[PDB]
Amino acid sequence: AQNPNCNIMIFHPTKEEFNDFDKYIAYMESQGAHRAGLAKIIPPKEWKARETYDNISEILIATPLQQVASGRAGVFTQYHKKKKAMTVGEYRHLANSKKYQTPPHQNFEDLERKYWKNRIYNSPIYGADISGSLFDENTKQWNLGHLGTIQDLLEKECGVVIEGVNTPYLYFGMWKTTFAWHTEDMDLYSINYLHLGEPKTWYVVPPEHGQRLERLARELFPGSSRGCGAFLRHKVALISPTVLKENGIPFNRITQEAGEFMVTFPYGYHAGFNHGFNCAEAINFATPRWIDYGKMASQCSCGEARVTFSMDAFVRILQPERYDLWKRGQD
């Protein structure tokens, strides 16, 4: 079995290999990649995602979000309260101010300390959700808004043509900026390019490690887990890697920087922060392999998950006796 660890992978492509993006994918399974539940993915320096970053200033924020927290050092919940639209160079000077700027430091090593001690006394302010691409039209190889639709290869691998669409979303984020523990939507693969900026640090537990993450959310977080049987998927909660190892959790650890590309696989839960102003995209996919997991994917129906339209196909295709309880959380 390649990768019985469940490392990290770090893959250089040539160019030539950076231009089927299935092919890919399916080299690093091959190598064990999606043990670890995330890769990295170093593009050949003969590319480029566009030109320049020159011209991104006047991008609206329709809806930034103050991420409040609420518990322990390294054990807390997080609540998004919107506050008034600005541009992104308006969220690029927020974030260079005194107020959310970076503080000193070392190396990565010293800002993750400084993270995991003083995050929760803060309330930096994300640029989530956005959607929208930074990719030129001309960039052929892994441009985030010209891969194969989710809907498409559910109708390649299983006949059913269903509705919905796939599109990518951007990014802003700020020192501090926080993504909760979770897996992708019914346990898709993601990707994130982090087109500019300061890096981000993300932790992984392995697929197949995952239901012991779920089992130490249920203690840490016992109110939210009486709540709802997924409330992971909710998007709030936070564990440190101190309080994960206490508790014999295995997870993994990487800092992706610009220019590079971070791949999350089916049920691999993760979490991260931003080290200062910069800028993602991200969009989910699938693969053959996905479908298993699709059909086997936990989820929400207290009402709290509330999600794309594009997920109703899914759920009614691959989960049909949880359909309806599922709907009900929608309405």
Contents of the next structure:
There are 2 protein chains.
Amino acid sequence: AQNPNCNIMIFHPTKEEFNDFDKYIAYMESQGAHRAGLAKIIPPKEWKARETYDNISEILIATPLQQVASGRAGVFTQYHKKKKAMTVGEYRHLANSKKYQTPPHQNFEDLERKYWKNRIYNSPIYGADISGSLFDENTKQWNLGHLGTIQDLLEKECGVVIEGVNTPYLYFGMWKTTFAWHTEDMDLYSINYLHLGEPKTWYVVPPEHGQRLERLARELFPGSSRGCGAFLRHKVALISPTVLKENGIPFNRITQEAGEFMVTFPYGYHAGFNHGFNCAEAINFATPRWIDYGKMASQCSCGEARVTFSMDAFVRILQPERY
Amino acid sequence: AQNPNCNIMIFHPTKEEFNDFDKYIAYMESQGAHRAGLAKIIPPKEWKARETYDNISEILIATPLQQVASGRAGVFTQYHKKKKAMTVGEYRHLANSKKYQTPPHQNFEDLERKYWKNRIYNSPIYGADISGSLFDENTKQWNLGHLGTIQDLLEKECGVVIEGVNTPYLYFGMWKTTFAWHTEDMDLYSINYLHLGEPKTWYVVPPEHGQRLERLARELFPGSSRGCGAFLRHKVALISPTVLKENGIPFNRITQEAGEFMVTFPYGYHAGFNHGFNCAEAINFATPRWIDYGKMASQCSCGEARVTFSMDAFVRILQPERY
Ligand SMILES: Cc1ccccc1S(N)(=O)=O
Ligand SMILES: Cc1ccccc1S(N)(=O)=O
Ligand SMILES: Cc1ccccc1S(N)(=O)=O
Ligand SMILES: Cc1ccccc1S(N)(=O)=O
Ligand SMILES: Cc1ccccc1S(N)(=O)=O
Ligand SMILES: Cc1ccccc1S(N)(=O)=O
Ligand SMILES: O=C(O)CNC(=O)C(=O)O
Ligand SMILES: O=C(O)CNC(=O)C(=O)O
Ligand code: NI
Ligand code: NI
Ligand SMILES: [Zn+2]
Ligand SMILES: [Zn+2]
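Next up, the form deposited with ligand IEJ bound, please; the one we just looked at was the form deposited without ligand IEJ.
Starting with the chain above, the whole complex follows.
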């Protein structure tokens, strides 16, 4: 079996290899990439997402989210307090202000130490889940707004036609902005391109060990666990790498820089944080191997987790009992 | 000037001409097609939207709308009463039931007579505005889910990058289901493909005469007009061809059949009805010529008209005062 220790793999496709998205995902999996839950793809040097990022300041963040923490430094939840609308230009200025800017630090490791030591004592503002794309329409390869849809994948694999659409989201981040431990809706894949700015650090649990993280989460967030059988779907819980090591949870970490893609694989739990002002674009996608994971995916039914309209059809066809 | 009487033109592109969407729209306008407000495009015989429509019965209509009329036979409003969810298979069966099925009739003209005589005395159920597509992903030409986005058009023309996305909608219709007099959001173009089933009859006012229809509508719906300076944006008002002729409003009519595209042009008011069970797919799009119309488009501010999240950026950039 390939990649038995479930390490995060890094790929450097040639421009020829970069012409067929589906084929390259399948290639990565033939090398065992999916066992980690996360892979990095560095695009060929000839490729570009767009010409420049010079005219993006007028994009609106209609509902910036202030991420307020509760708990202890290595085990906490965050809730999202809605703030008034601001443009990306205004958001960038805020990110770079004395109150919110990245502190002096020696390297990625020093910054990681500072994040887990001090995250809970601040409430950074995140521009998340903004429907849109920054890929040039003329960018024909790995354009996250031009991928085959999950609805068409399900139709190709299972022969059923369903309603729903599948479009990218933009994420504007600043120092300490955080994504909580989660898998994707319906345990789909995701792909994430860091367009511009400071890095994003990722933590990931191998899909074959996801239930170990779930069991620890139930122990560490007992009230939340009693409230919902799938509360990690709420996307509010954080657990530090030190606490993961203390509890024997297998995981890996890697830092994504501007110009790089990350792919998360079905049922690969991930979490992380931004180093400073940045902009990422992400979308869910599927492959034939996803179907079995979609059939088995946990669901939140307590009402907290937001459901997209497109998720309805997934549950209806793949999980009719639970529907 | 081409097409000075503002007639609806019908186009028969060759398979070679069908390879460049933007170029063919520009060609149609060079022949004066836009002056009518509406054009028909019959695709080349070699083209197909998808292989078959055999497996569409499991699509869900989450919120079927019962279209209840008030007023007189030739001048009425309709409101949409929400019904419980049903599949397309269930909807088709309902459409074909004795209560809702198309009556015996001699031709399109006889059916049109019956529609305007009797529409208000029934309340047909419409499956409208369902996000999704029935184009095969392998259909590369005139695939309504693969068009250049309006956001990218605005960026190409004006140099500003904005948030927002632009995806198709499905419409499942039955006898007497009705679309009220309207122009598109931000006076955009629309394109509509009739995938399957019975015809759709369209009425259209030339864009250069749109204000004539507005003035008549203010006279015929006086309470609505007092409530909102752009109440046709509510998409609830119907006026018959007989009443249009009585009031000297220039208009044309045409019937769309399965396998045919219709394009509506900026500020071309249109209305119409379905002949029996059918399924259409539609999406808005833009061209360089649209920008001037978008800048001038009326807006509903009374709160009735539904606004998509994507419309925000259009108003913000093209109409900053009104924003
Ligand atoms: C093969 C190689 C080489 C250097 C770094 C990483 C890899 S990989 N693709 O992560 O196994
Ligand atoms: C950028 C480029 C250039 C030439 C051939 C192929 C590509 S790519 N990497 O497949 O988009
Ligand atoms: C113990 C250790 C050390 C470094 C990285 C990851 C681990 S573990 N085994 O995944 O908890
Ligand atoms: C030229 C032609 C011919 C027959 C019917 C319609 C037309 S058109 N394209 O509507 O002018
Ligand atoms: C269907 C077809 C076939 C051959 C060439 C071009 C086409 S089309 N009409 O441009 O999709
Ligand atoms: C009078 C008439 C007759 C047939 C179609 C259209 C009209 S008109 N002139 O558009 O109101
Ligand atoms: O970038 C973020 O803030 C979170 N992204 C993801 O969880 C993802 O791409 O799957
Ligand atoms: O088909 C309908 O019910 C209404 N369609 C439109 O108004 C359109 O395509 O612009
Ligand atoms: Ni994710
Ligand atoms: Ni319309
Ligand atoms: Zn829940
Ligand atoms: Zn209004």
